[PDB]
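K.L.:
So the chains spell out like this:
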Amino acid sequence: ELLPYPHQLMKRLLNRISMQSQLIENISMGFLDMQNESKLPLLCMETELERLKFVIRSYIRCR
Amino acid sequence: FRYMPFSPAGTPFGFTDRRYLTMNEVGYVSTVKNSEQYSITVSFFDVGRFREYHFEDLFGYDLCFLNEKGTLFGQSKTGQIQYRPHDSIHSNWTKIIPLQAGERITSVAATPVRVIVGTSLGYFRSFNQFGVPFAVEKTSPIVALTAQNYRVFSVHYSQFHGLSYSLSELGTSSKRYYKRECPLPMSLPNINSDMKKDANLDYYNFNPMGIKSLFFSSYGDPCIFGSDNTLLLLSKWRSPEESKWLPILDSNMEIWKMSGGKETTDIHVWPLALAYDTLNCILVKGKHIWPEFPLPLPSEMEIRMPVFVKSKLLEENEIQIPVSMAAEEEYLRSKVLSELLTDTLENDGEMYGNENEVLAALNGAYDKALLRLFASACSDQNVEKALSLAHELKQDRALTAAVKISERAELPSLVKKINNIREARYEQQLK
Amino acid sequence: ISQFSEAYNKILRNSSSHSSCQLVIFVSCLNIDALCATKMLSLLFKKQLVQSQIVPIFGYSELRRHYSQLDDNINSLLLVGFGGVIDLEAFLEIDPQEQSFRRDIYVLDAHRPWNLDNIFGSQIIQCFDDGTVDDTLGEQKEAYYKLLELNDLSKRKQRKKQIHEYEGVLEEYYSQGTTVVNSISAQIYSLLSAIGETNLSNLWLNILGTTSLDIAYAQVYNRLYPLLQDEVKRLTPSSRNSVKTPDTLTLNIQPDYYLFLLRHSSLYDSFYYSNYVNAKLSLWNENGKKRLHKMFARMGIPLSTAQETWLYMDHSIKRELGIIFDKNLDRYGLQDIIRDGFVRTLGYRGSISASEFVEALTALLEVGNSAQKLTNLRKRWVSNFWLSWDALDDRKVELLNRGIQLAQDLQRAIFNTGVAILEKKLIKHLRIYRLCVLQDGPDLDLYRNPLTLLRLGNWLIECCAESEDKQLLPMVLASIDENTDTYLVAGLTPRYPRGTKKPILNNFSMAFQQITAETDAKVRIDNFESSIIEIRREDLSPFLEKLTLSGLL
Amino acid sequence: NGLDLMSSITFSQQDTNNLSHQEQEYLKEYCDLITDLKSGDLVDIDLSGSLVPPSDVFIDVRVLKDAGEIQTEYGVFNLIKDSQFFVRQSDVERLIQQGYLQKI
Amino acid sequence: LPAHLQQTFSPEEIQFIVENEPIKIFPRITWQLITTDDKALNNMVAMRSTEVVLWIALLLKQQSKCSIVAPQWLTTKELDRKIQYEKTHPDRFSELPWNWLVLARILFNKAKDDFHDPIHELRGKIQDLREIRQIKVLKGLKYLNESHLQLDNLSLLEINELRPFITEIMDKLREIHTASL
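Residue numbers (the authors' numbering), protein chains in the order written: chain d, 75 to 110, 121 to 147; chain Y, 474 to 790, 814 to 927; chain r, 5 to 102, 114 to 165, 218 to 436, 462 to 591, 597 to 650; chain a, 105 to 208; chain b, 3 to 32, 50 to 200.
Hints are computed from structural coordinates only; laboratory data are not their basis. The beta-carbon is built from N, C-alpha and C at its ideal position, and this holds for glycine as well. Among the hints, a few may not be true.
Partner residues aside, some chain Y positions facing chain r, computed with beta carbon under 10 Å [stated by the list, open to error]:
(1) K506
(2) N507
(3) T514
(4) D694
Here are the computed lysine to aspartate or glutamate pairs in the EDC-like style, where the Cα-Cα straight-line distance is at most 16 Å [claimed, not checked]:
(5) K43(r) x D164(a)
(6) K760(Y) x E736(Y)
(7) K311(r) x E140(b)
(8) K506(Y) x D297(r)
(9) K14(r) x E121(d)
(10) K96(b) x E814(Y)
(11) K85(d) x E177(a)
(12) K300(r) x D739(Y)
(13) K131(b) x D314(r)
(14) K158(b) x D171(b)
(15) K84(b) x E525(Y)
(16) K137(d) x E197(a)
(17) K611(Y) x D671(Y)
(18) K758(Y) x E140(b)
(19) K137(d) x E15(b)
(20) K161(r) x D132(r)
(21) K137(d) x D56(b)
(22) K758(Y) x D136(b)
(23) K58(b) x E132(d)
(24) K137(d) x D148(a)
(25) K471(r) x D145(a)
(26) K26(b) x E775(Y)
(27) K50(r) x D164(a)
(28) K760(Y) x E773(Y)
(29) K300(r) x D530(Y)
(30) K51(r) x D530(Y)
Based on the sequences and whatever the hints tell you, model everything.
P.N.:
Have a look at this one:
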């Protein structure tokens with residue numbers, strides 16, 4: 075049977091998934107303008133948000 | 474006494490036609506002989522920074538030393554040397570060292586600002602990074618060399634003398650000596666009559682001294698590992714009359730505890746790198762004590778002080817050590833490491849930037865381990881032994897904790913003795 | 005001028021972003037060695053973590069419709085062997101835009128005639144000039160160097228003749244036949260060794276491409292007999308056998324034969340291509356179909372233990388041929404059989420050498436599938477190319493044998509008609525060459541794709557590989573399957589019976610410029626390789642009349 | 105539910121596309137409702153596909169049976185016929201479900 | 003609306019909950052990681068352990084600038100003592116690493132050519148232990164009571180494999196027991 079939707083924590087991180095998407099939004103663009121080096125810190129940040137974004141994608145569909 | 478060409482962590486041919494020239498924390502250099510020449514292939518552990526390359530040898534360079542900036546090759550017979558930088562900025566250079574009859578190059582070394590070439594007669598010829606020759610110095614014969622970008626460490630031995638150690642620095646104006654030919658009591662290998670048919674005879678023929686590996690630590694302390702399987706570290710190297718060798722690791726006790734009390738000889742320890750708490754090694758399983766083609770994965774082995782009994786561990790039973821027995825070993829390990837880390841920061845400063853968190857955690861575990869021995873002395877009613885343990889505390893918060901252990905053990909006279917130590921330290925601090 | 009480590013780091017920083025900064029490489033499918041060079045370059049770009057785009061192009065006229073129409077911010081174009089002869093900068097206009116330019120191609124041309132503009136006067140064409148040719152026409156330091164800038220009535224008159232003196236040395240040059248002098252396997256593998264990446268898969272890969280040129284030339288890989296030897300010893304994985312390891316891909320050496328694909332199978336269909344080897348001697352059918360029956364049916368060839376006898380205890384018989392042909396050595400002296408060769412294994416799954424391995428890649432590239465038919469013919473060869481490129485994994489096993497069983501009928505197909513055109517006796521030595529026109533036979537469909545045609549010539553150049561102590565000239569064939577008489581006519585090379598002293602590359606491409614320059618009356622050079630053109634039916638007869646008089650050798 | 109020209113629910117079972125044409129207004133009332141569920145999320149979360157979890161970040165993909173120029177967003181990939189790619193992960197999710205790229 | 007695999011997990015996400023656990027590495031390289056669960060370090064020092072999460076280290080191995088240490092029970096001299104405590108105990112399984120089966124399969128793709136002689140030994144010493152578990156599971160389900168079971172040490176994988184049938188047999192027999200009264 076259905077369980078109580080814990081809305082309080084969800085919106086608390088739903089702000090967070092907006093923020094780091096905007097954090098990488100500028101800092102890539104700052105890396106393009108400084109390009110006339122390290123390709124580590126971009127790729128990890130790109131995959132980490134969407135994996136958490138993947139989890140709630142299933143989580144609301146089963147509702 | 475005929476000498477032999479020595480290299481760092483070099484392995485002999487054995488029953489094959491191929492062997493390793495050198496081995497360190499940067500990588501390994503091996504050679505493959507196919508009936509007429511040698512093929513030197515240099516492989517590294519860090520595939521991302523540098524690119525693996527290989528070339529054909531037409532001179533048979535057997536002496537090699539690897540550092541962070543280049544690769545040096547040397548010939549013991551003709552005296553021809555060659556330095557190969559990894560980066561494309563500097564070009565290759567070739568020079569032939571003149572050698573007389575009998576005299577051979579036994580050990581080579583390479584730093585980014587100085588070139589060190591040692592011979593069998595003890596001639597010390599030093600060159601710079603551009604090839605300008607310096608003054609020729611005549612000393613004792615050199616059999617082993619190690620360096621980490623700035624200093625020269627030489628080991629001397631002849632037929633009418635014994636093993637010694639020297640520590641010097643090749644400055645811009647002149648050569649300055651920290652240690653000048655002080656005696657080194659490292660044990661020699663005892664080859665018996667039954668070793669002539671043993672399979673490990675080939676390792677001692679290429680290296681008669683039994684020096685498996687030697688290198689400097691991450692914080693600047695000299696280390697050596699001979700045939701006696703005991704890791705020796707040089708303490709108080711800034712003071713020539715106060716220099717002491719302290720054994721902090723032994724392989725002969727660690728193999729017996731991990732194997733469940735067995736007596737096998739298929740497990741060994743080959744030192745690669747040591748950065749203040751863990752000696753990096755390869756677990757070689759087999760009859761030979763030297764590695765061959767493809768290297769297994771590296772494991773981690775933390776250092777332990779060799780202080781145990783053998784009959785007492787069997788009565789109390814991977815072999816496990818109890819709480820009470822491990823407090824004595826933890827006290828000896830933390831006391832040596834805290835003294836060396838304190839003198840390094842007050843004279844050389846920080847190197848990585850996180851030394852203060854390591855020092856705070858080490859000093860906290862030092863006072864905590866002493867309280868376990870302090871609690872055991874109060875339980876056996878030995879008030880006098882508990883008094884001497886209180887003076888070894890460093891932190892002021894550890895003295896407050898000693899009062900609570902004393903009150904629980906019903907010893908009111910021991911409580912007042914802790915307070916006299918507290919008043920004496922406050923008076924000395926205000927002077 | 006291009007040091008090998010330098011261009012790699014230079015092309016690294018130019019496109020290493022996580023966007024559409026896409027560098028794109030181009031490759032022909034019409035060559036086997038063209039494939040294997042590219043495959044090893046891609047995988048290191050994977051582990052150097054860069055985005056890419058791979059497109060095949062089969063046709064030289066197709067290059068405009070694949071580049072010059074779809075470009076946005078491609079700064080780094082890459083190409084494998086296309087423009088050693090025709091200048092692409094005249095073929096494709098690129099105006100100078102933004114000295115430190117904005118988009119720079121490289122080139123990996125493998126051919127002998129070069130183009131002076133592409134090395135000297137380089138501004139977008141950063142060619143691979145390192146220690147390949149140190150004598151890049153070393154007399155050129157005053158010919159074009161005075162062609163660039165070009218009382219004076221007697222002085223300039225001499226100066227025009229010096230230009231005319233420069234004109235002849237640019238006239239005899241740019242008038243040579245072509246080959247590939249050095250394989251593209253040789254260059255990039257040497258480049259990676261300057262970087263230093265140790266994988267035996269690379270050492271398995273680079274030797275494949277140079278093995279492909281074993282049937283087109285001789286002494287090119289005869290220089291590489293040491294460079295095969297040192298690397299397999301310097302990259303020694305093991306001194307012991309260290310047996311029963313399913314992995315680790317051990318590398319060895321074993322002798323092997325012109326009689327081919329034996330370790331895969333069929334000492335049965337060896338009987339045909341043993342007679343190929345006797346087609347190298349003095350016959351095609353007659354004496355051999357007696358003569359083979361001293362050396363072959365000595366053992367009846369079984370059904371179950373022939374999985375074991377011509378797999379395993381043929382080592383008693385390879386020894387026996389090894390002790391048959393040692394006494395056929397001072398007496399027969401025919402040294403087209405014993406060869407050093409190279410082999411590999413997989414731990415299990417049989418021993419597979421590289422001699423037969425290039426054979427499967429050719430046939431599997433062939434089969435395995462107005463102006464409305466050529467489009468649906470050109471879409472085929474790109475597609476069936478694609479299923480050969482992924483043949484270099486372990487993941488293809490039960491498709492690997494598919495080409496194998498395909499190969500041992502295609503030769504049985506190609507030999508079925510080669511014996512026909514011999515017995516028809518339609519080869520005519522007119523004066524210079526021999527001409528043969530396959531007007532119509534059976535199974536004409538397997539002659540559209542040109543990779544079979546060089547093999548048919550490779551069988552046909554060896555029927556005439558007897559003594560022939562005058563007129564060592566190869567042939568020109570003719571065949572037609574489709575409408576309007578397309579006629580993919582081609583030329584071959586003359587051959588040597590293992591005695597190249599004379600410089601025999603080609604004379605036809607010099608004449609191919611001539612006939613194409615005459616009238617433009619439905620002639621085509623749209624196919625890539627210059628050794629193949631097209632003709633019309635009413636033009637092949639005035640083709641030869643222009644060729645029997647124009648002696649340009 | 106809308107990934108590439110959604111309202112083309114045509115070229116699809118014409119003998120029953122008149123059958124479910126009475127159900128199309130039922131069907132499009134899912135489709136209209138599924139649009140505002142895509143927009144009524146306060147942040148942009150995909151609800152169109154991507155149900156299998158991601159594993160890596162670099163995937164070799166080939167193409168066939170397709171032509172033209174597509175993918176105006178996230179950088180144009182310039183799709184020519186029968187030419188493979190080697191790209192990052194998140195881009196091809198809207199095209200594999202579209203059915204243009206073929207093999208992973 | 004999946005409507006395909008709803009009552010259980012598919013086998014592609016059971017690895018997804020285990021990849022988010024940390025292990026130890028041997029780093030090599032020198050801002051860096053701001054990934055909301057990061058612990059980015061400074062210029063990192065080799066020859067030392069660090070609890071690092073798994074999935075970033077696999078990505079760190081494709082660019083090949085680090086190395087992995089195996090966990091402490093992944094030697095052949097350790098697994099043998101597991102096979103004796105079970106062969107004397109047919110009642111249940113004794114000692115379990117709890118995620119062992121999915122842990123090895125990730126560890127056999129450029130995480131195997133690092134360790135010291137594990138080929139022709141390790142796959143020997145694992146695939147035997149898979150069936151010995153599942154031989155034990157076949158005797159257990161024959162002993163099925165009503166509404167009370169004893170599974171003490173099971174991997175997550177068999178739990179994803181016993182699952183979609185063990186429900187509806189005992190559920191369908193739950194009806195005939197309960198609807199009888």
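K.L.:
All hints, please: hold or fail.
P.N.:
Hints, verified against the model:
1. Because the smallest distance between the Cβ of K506(Y) and any Cβ of chain r comes to about 8 Å, under 10 Å, the interface hint for this residue holds.
2. At a threshold of 10 Å, the smallest CB-CB gap from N507(Y) to chain r is about 4 Å, leaving the interface hint in force.
3. About 5 Å separates the beta-carbon of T514(Y) from the nearest beta-carbon of chain r, less than 10 Å, and the hint is met.
4. With a cut of 10 Å, the hint placing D694(Y) at the interface with chain r is violated, because the nearest CB-to-CB distance is about 33 Å.
5. For the suggested pair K43(r) and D164(a), the alpha carbons sit about 13 Å apart, so the restraint of at most 16 Å is met.
6. Among the hinted pairs, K760(Y) with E736(Y) is consistent with the structure: their alpha-carbon atoms are about 14 Å apart, no more than 16 Å.
7. Proposed proximity of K311(r) and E140(b) is supported: the alpha carbons are some 11 Å apart, at most 16 Å.
8. About 10 Å separates the Cα atoms of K506(Y) and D297(r), which keeps this hinted pair within 16 Å; it holds.
9. At most 16 Å may separate the alpha-carbon atoms for a hinted pair to count; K14(r) and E121(d) meet this at roughly 13 Å.
10. With a C-alpha separation of about 11 Å, the suggested pairing of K96(b) with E814(Y) holds against the 16 Å cut-off.
11. Pair hint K85(d) plus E177(a) does not hold up; C-alpha atoms about 29 Å apart against a cutoff of 16 Å.
12. Of the supplied pair hints, the one linking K300(r) and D739(Y) is violated, its CA atoms being roughly 30 Å apart against a limit of 16 Å.
13. The hinted pair formed by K131(b) and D314(r) meets the criterion: a straight-line CA distance of about 11 Å does not exceed 16 Å.
14. In summary, the hint linking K158(b) to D171(b) is supported, as the alpha carbons are separated by about 15 Å, within the 16 Å threshold.
15. This hinted pair checks out: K84(b) and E525(Y) have alpha carbons roughly 14 Å apart, not beyond 16 Å.
16. Between the alpha carbons of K137(d) and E197(a) the distance comes to roughly 14 Å, so the proposed pair stays at or under 16 Å and holds.
17. With a C-alpha separation of about 39 Å, the suggested pairing of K611(Y) with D671(Y) is violated against the 16 Å cut-off.
18. Among the hinted pairs, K758(Y) with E140(b) is consistent with the structure: their alpha-carbon atoms are about 14 Å apart, no more than 16 Å.
19. Note on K137(d) and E15(b): the hinted pairing holds, with a Cα-Cα distance of about 15 Å set against a maximum of 16 Å.
20. Of the pairs offered as hints, the one joining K161(r) and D132(r) holds, with about 14 Å between alpha carbons and a cut-off of 16 Å not exceeded.
21. The suggested pairing of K137(d) with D56(b) holds, with an alpha-carbon distance near 15 Å, which does not exceed 16 Å.
22. At roughly 9 Å between alpha-carbon atoms, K758(Y) and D136(b) fall within 16 Å of each other, so this suggested pair holds.
23. Of the supplied pair hints, the one linking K58(b) and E132(d) holds, its CA atoms being roughly 14 Å apart against a limit of 16 Å.
24. Proposed proximity of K137(d) and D148(a) is supported: the alpha carbons are some 10 Å apart, at most 16 Å.
25. For the given pair, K471(r) sits about 46 Å from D145(a) by alpha-carbon distance, which is inconsistent with the 16 Å threshold.
26. A C-alpha spacing of about 15 Å is found between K26(b) and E775(Y), which places the hinted pair at or below 16 Å, so the restraint holds.
27. Restraint check for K50(r) and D164(a): satisfied, since their Cα atoms lie roughly 10 Å apart, inside the 16 Å limit.
28. Simply put, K760(Y) and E773(Y) have alpha-carbon atoms about 22 Å apart, too far for the 16 Å limit, and the pair is violated.
29. For the proposed pair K300(r) and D530(Y), the alpha carbon gap of about 13 Å is at most 16 Å, so the pair holds.
30. For a cut-off of 16 Å, the pair hint linking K51(r) to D530(Y) is broken: about 30 Å separates their Cα positions.
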